[PDB]
Each structure stands twice: as C-alpha cells, then as structure tokens.
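Single chain ahead, written as structure tokens, the form deposited without ligand 8RM.
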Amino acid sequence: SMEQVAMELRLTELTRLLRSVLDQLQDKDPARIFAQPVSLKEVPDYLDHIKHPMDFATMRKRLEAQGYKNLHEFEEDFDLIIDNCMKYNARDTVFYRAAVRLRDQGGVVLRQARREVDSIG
C-alpha cells in the first residue's frame, strides 16, 4: 500500500537525521571513551552494577536497522550511556568527567534536533 510506503519514507528520513545527530554526538567524545561496549573481559562484574549497558556502536547498529521509531527512543539510549557511566564511575575520575562533558555538549545538539523533528514531522 501507498500508506505503508509513506511511513517508510518518514522512518528513513528519521534515520538520516539520527545518523547526523549521532555523528555530532560522537564528535563530542574525541577520546572515544563511549565508542564501544564495556568489555566483560576487562570489567567482569559490570553486569552486577549496570543492568542496561549502552554505547555508540550499539546505537549505530540499531540505527542502521531503522530500529529508532522516534527521537525519544534515541535520546533514551544516549542518556543510558551517560547515566551508566556516572553510576559505575566515581566523581573524581576521567570517565565520570567525560560523561558530564558529553551530557552538556550533547544537550545542545539534542535541543535543536528536537526542533528539526517537530518542524520536519
């Protein structure tokens, strides 16, 4: 049906936007602290601490399978990256302080993206 095709054109354009948003967010992490999942081999207790791990690569996998239906969903995953990091790591560590910086810098990008999604439907 043509109704189905139209929803699919909208999902694809959402996805195109979200890829730009993801690359913008990932540029605020030049150190690449958040690029890949936490290694269970290198932090073996991690899953006792954090119930929903998240990282940029896992977001990108989901993005390329058009698995984000709206921006709320993508925002939820981004926030997990930040929030997991601020719980596991103490306040005086390089990791916590990188999350805080990514939150503040990403918060700008996501403030405009919310306007572009409303504005472009």
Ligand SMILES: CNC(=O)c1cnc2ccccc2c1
The other form holds:
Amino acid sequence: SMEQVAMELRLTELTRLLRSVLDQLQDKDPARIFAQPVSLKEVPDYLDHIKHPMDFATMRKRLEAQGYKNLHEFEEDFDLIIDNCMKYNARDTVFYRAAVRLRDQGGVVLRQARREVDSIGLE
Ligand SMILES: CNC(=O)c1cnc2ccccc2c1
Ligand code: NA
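Could the form solved in complex with ligand 8RM be shown next, to go alongside the form deposited without ligand 8RM?
The next block holds the full complex; its first chain is the one shown before.
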C-alpha cells in the first residue's frame, strides 16, 4: 500500500535523525568509555550487577535495523548507558564522572532532537 511506504519513509527519516543524534552524543565520549559493551573478559561479574547492558555500538546496530520506533525508545537506551555506569562504578571514578559529563552534555542534543521530531512530525 501507499500508506505503508509513507510510514517507512517516516521511519527512515526518523532513523536519519537518530543517527545524527547518536553521532553527536558519541562525540561527547572521546575517551570511548561507552563505545562497546563492557567486556566480561575484563569485568567478569558485570552481569551480576547490571541486568540490561547498553553501549553505543549496540545502539547503532538497533538503529540501522530501524529498531527505534520513536525518540523515547532511543532515549531509553541512552539513559541505560549512563545509569548502568553510575551504578556499577563509584562516584570518584573516571567511569562515573564520564557518565555524568555525557548525561549533562547529551541533554542539550536531546532537547533539540525532541523539538525536531515533534516539528517535522516524525512519529
Ligand atoms: C562503562 N564502563 C565501565 O563501567 C567499566 C568499569 N570497569 C571496567 C574495568 C575494566 C575494564 C573496563 C571497565 C569498564
Ligand atoms: Na554504585
């Protein structure tokens, strides 16, 4: 149907927007602390602590499969990256402090993204 194609065009352009947001958020992680899943070889007990791991690479995989239906789903995954880190790592660590900075600096990007999604009506 024509309607289904229209919907797919919308999802595709949401995906385009979210890819830009993702790239912008990842730029705020030059240390690349959040680039890849926390290694169970480097951190054997991680999954005992964190029930839903997340990282930028995993987000990108879902993104490219057009697995984010709206900005809220994307934001949920971004929040997981931050929140997991602030629980697994203590306040005084380079890890925790990196999450705080990512959350603060990411907020600006997500604030405008929300306005753009609403504006262009991508969901
Ligand atoms: C977001 N990353 C982490 O939370 C983290 C924590 N500890 C680690 C220890 C050794 C190697 C990697 C680690 C990663
Ligand atoms: Na903690």
